[PDB]
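Below sits a lone chain in structure tokens, taken as the form solved without 2-hydroxy-5-methylbenzoic acid (54G).
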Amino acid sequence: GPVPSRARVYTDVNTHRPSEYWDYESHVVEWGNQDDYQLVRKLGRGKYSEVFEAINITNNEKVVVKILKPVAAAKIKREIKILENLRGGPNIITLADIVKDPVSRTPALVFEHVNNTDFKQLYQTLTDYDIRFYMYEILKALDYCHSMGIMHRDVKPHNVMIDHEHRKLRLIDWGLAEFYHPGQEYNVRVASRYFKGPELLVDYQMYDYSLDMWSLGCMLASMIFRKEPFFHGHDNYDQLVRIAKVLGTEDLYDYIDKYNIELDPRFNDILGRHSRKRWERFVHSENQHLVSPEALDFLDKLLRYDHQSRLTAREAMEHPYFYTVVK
């Protein structure tokens, strides 16, 4: 069967802390007052919630209200416990309150409001300096949650709010987040397709915080190369083939061999044989201003098949790519 794996950092976080820290099922929710909030406009709806802009009438402040759709009671308590555990952490969205919505009869999570700058505007105009600056801010959020024994598992651009005017960033939507317990087998049906780590794509369940570092590398590659998304799979199988056309099939086979993973036989007809490509292949006159030897070296250290070989968030923060960032 598969060779077991454990993170190379923060393995003992959930053993050192008390059971009440990670046993989200035993957590008792402290309910706020729904009457303190007035919904202003619907901002969006995903598979698990409807999101609104609202006002806290007790202090007249703007808030964001996430009304959860009826789902397994386990997923709800998990998100709340993770949000409370991480509250106050650098660049972590602040959970301000939990109320029972009178209409849905489900919990409604109230967050601090972030004036999110238009995604297209950010993607099209952030500078090389700005990309390094915001990447450093995301790393502060990731190292903080990992150090707190939690993996986000849904790192993608739509989960990173940026108020560019105030140079403020928040990592949001902790609905797919989980506590990391060494030896635990997790569900591989996490993260959005283009951000899924090879571990998920080859159905290796004993993954860890390093999955977030792969997703972070996908975001960086898309930004600096002006290719959105970087690995553009038509499905979860074609997603692995798209990665293999860049990183090569020989390192893919070394990875699955290391962990005694057998690829799903449906890959026989679609994978093929691909050499590893040099990152300079993706450089051109329309993205050269965002590329540097430091950027390519950093990307190379995130986008590795072997989850145990990727930079951790804390190691990533001392990479030369961030030397130019004012600290």
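Residue numbers count along the first chain shown, from 1. C-alpha atoms forming the largest set that superposes within 1.5 Å between two forms make up the rigid core. Residues that one form lacks are left out of the comparison. Compared with the form solved in complex with 2-hydroxy-5-methylbenzoic acid (54G):
Superposition on the rigid core between these two forms places the CA atom of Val103 less than 2 Å from its counterpart. By the rule of 2 Å per CA over three or more consecutive residues, the rigid core superposition between these two forms yields one shifted run, at 71-74.
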The other form holds:
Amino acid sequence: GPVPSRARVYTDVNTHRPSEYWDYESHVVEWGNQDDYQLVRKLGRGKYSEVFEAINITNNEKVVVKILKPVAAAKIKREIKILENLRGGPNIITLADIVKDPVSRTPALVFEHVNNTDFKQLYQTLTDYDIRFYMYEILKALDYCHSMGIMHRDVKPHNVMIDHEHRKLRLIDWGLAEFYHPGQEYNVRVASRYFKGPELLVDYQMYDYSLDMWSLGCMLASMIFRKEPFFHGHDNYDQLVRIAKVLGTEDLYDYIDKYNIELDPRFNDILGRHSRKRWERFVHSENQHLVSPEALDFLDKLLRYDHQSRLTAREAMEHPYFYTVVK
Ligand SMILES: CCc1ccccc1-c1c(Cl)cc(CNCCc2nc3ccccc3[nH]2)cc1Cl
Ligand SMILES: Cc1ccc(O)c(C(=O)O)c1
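Can you switch from the form solved without 2-hydroxy-5-methylbenzoic acid (54G) and show the form solved in complex with 2-hydroxy-5-methylbenzoic acid (54G) instead?
Full assembly next; the chain just shown is listed first.
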């Protein structure tokens, strides 16, 4: 069957830490007072929660309230334990309180408020320097959570809040996050389609922190090439075909052969034979201001089929792409 895999970094973090650190099912939730929070407006509804702008009337400060839907309400201890474990970490959203919503009868997580800059303005106007700056801030959050034995598993632009006036970034929505335990087989039905790593698309369950690095590469490629999303699959199968049209089929077969993975036979009629493309094929006069040899080299080291061959977050921080960033 499949060849086992383990991360090349941070394998032992959940062994070295006490059981109370990762055994989220044993965690006893300390409930706060729902009456301290006044809901102001609904910001959005996803498939697992409804999010609101609210005011903490005990200190008059703005907060964000995430009310979990009953479907996500089962694995709430996992999200709470992860958020408490990571609290105070660089660029990690701060969990301020946990209350019982009187209407839904479900847990409601209260977060610090971020004065978000409009998402379309950021995509359309961040400069080459700003993209490097914010990519470095995301790496700080990813290396921190990985070093803490946690994989986010849903890295995408919707889950990164930026307050551009204060050069402030937060990695949010830890609802799909999981503790990394070497040898554990995880659910491949994680991350949004355009950010899913090849390991998820070929149904390889023994993945690790490196899944986050593929997702980060998809964000970078979209941003620098002005191509939203970069890998535009119609469904999860066409998603791998879109990746293979760029990275090539030969390296895909080398990857599946290394791990003794067998592709779903439905790929026989859709995958084809594709050469690896040079990253310069995606450069044009409308994105040249965002591209550099360093950007392409960095992207090349994230977007690799072999999850064990991608840059780790800490190695990525010393890449030449970030030399221009004020540290
Ligand atoms: C295209 C991804 C990207 C690549 C390189 C550098 C920066 C970005 C980026 C952009 Cl342009 C915009 C955002 C802004 N995303 C906002 C998401 C958001 N805003 C919310 C407001 C309320 C509730 C949830 C929310 N989620 C984040 C990033 Cl990482
Ligand atoms: C501050 C904030 C806003 C919206 C969200 O969905 C989250 C979260 O899920 O952690 C956090």
